[PDB]
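Shown below, as structure tokens, is a lone chain in the form deposited without this ligand; questions about how it binds or moves come after it.
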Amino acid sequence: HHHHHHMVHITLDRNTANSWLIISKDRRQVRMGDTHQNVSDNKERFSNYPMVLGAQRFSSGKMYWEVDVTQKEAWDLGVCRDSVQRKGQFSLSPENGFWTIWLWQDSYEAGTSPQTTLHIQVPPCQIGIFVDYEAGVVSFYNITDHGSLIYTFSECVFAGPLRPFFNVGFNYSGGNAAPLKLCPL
């Protein structure tokens, strides 16, 4: 891909984070804490899952960013509508305002309804995410494997401003404590 030139500087929005997340001072890294992180509750926070949004909102143009997933066993990444549900149970699907992929139990899947099996030969340590707002496209790239395509959502019906979307996953196993990190340009 030749998408690097639409690079955008993404930062995480503390106010949207699940109350167990720890966001770094520079707002570029997030990880699961061992406990509640001593913040007040609000209507923006994701309640059920270890999710957080980027601060940036996109309503036009082409945007690209990269995320480090090194040594994580579980995570979700992509974009979502600014108006997605925050409280209670929900599935990650375009019908609910999410355009995502994930790792879970040694398999990679795209957040379609129902979910779609991904074919990745080289387990990625960094993922590139490309959004073309006007074209209705969200694409995912394997930076570890020379930028190879992972998945393209096309004919997307965004239906509002988009925000970068992150899930660090639970850490029941003790093997998923590693952070998600926004990689430098």
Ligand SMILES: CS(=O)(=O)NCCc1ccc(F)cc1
Contents of the next structure:
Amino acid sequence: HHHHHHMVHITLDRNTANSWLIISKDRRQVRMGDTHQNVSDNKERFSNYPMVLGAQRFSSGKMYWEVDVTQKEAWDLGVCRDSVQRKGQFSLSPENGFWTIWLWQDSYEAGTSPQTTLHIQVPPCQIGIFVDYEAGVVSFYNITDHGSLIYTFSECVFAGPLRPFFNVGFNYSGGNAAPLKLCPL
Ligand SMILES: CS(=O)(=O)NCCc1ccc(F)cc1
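The form solved in complex with this ligand is what I need now, so please give it after the form deposited without this ligand.
Expanding to the full complex; the earlier chain stays at the top.
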């Protein structure tokens, strides 16, 4: 790929965070806390999962950013509609307004309904996410493996503004405490 030059500076929106998340002062890192983080509830917060949105909203153009997933056992990454459901249980699918991939139990999968098996030879430590709003494309790149393609969603129905989407995953095992980090340009 040669998408790096559509690089955008993403920051995390604390107001949208699950109440157990800890977002760094620079709003570029997020991790699962070991308790409720002493914030009030609001209608924007994801209630059931350790999810948070980026502050940026996109309705046009080409956008690219990178995320560090080093030493995590579980996470979800991608984009979603600004209007996605925040409360209760739901599945990550384009029908529900999500364009995502994940790591879970030593397998990588794309968030289609049902999920799609990914084929990655080099486990990634950093993921690139590319959105072409006009083309209806969301693509994922393996930065650890020379930028090799992981997955492309095409013919996307964004149906409104998009926000960067993150899930740090649960830490039931004690092996998934590490943060998601937005990588410098
Ligand atoms: C730190 S942990 O060992 O992963 N425990 C998770 C508890 C929890 C459950 C649902 C949430 F929406 C947020 C947190």
